[PDB]
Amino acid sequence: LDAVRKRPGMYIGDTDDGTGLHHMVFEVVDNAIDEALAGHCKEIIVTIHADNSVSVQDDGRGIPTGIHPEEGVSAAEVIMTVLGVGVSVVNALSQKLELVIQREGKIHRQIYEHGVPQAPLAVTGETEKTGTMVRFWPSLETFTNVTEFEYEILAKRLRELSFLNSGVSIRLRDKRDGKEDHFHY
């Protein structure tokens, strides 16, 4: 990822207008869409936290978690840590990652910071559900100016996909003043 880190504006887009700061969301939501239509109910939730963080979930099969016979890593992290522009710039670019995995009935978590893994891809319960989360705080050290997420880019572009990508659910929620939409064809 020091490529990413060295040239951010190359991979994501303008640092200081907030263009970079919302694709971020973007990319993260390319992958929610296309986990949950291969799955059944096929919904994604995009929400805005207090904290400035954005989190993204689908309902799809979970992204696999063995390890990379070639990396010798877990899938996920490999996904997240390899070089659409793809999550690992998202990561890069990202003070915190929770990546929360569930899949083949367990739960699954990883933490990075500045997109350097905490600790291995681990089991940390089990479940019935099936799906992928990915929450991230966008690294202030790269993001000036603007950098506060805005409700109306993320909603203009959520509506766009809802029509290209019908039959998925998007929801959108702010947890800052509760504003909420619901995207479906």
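In this text, the rigid core denotes the largest set of C-alpha atoms whose superposition between the two forms falls within 1.5 Å. Residue numbers count along the first chain shown, from 1. What changes on going to the form deposited in another entry:
Of the residues 50, 122, 116, 41, exactly one exceeds or equals a 2 Å C-alpha shift between these two forms once the rigid core is aligned, and that residue is 41.
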Contents of the next structure:
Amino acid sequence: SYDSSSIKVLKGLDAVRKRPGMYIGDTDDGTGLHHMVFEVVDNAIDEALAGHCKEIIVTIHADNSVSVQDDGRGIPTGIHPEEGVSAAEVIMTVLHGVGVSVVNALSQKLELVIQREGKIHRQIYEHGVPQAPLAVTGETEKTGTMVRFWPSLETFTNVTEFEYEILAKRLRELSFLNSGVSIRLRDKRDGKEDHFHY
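Write the structure block of the form deposited in another entry for the protein whose form deposited in one PDB entry appears above.
Lone chain follows.
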């Protein structure tokens, strides 16, 4: 049921928005804010442990959004018959690693770009709610997934700006734990880059 899926998803988004610390960690001391990045990266790490993702690129944008790009297969784009929406929309919205739906719920905005089967697919979310169905925007010979999110400053207080060093420490750690995955970190605010690989 297209319909029952939509009702269940919106109850899930409401649950996360009302009790955000329960899902992401402390919303004031910066740990929940940085965990937003690490949850997205952990999904790319899963796609590396599956053996398709070899490189993960984490970018801090000058507007204080963060993007995570992988070179994996790309989140599946076909209509999942039960929910009647793209398998990507299901992954991005269904509550379950805390699940990328938690990051989506707690993002003012989220941009999804999927490259696979020779096409580029894009979708925009606001507070976990898709603006429109996943749509093809052009062709590509590449594969992978890009998630860019703008954290809600309704949810997150006090520590609101991403700290390069906090991201660098956990990404260095994840590269140590995941031998042969390359994890790049880029700060568009000041030109800092790192390249973690073990």
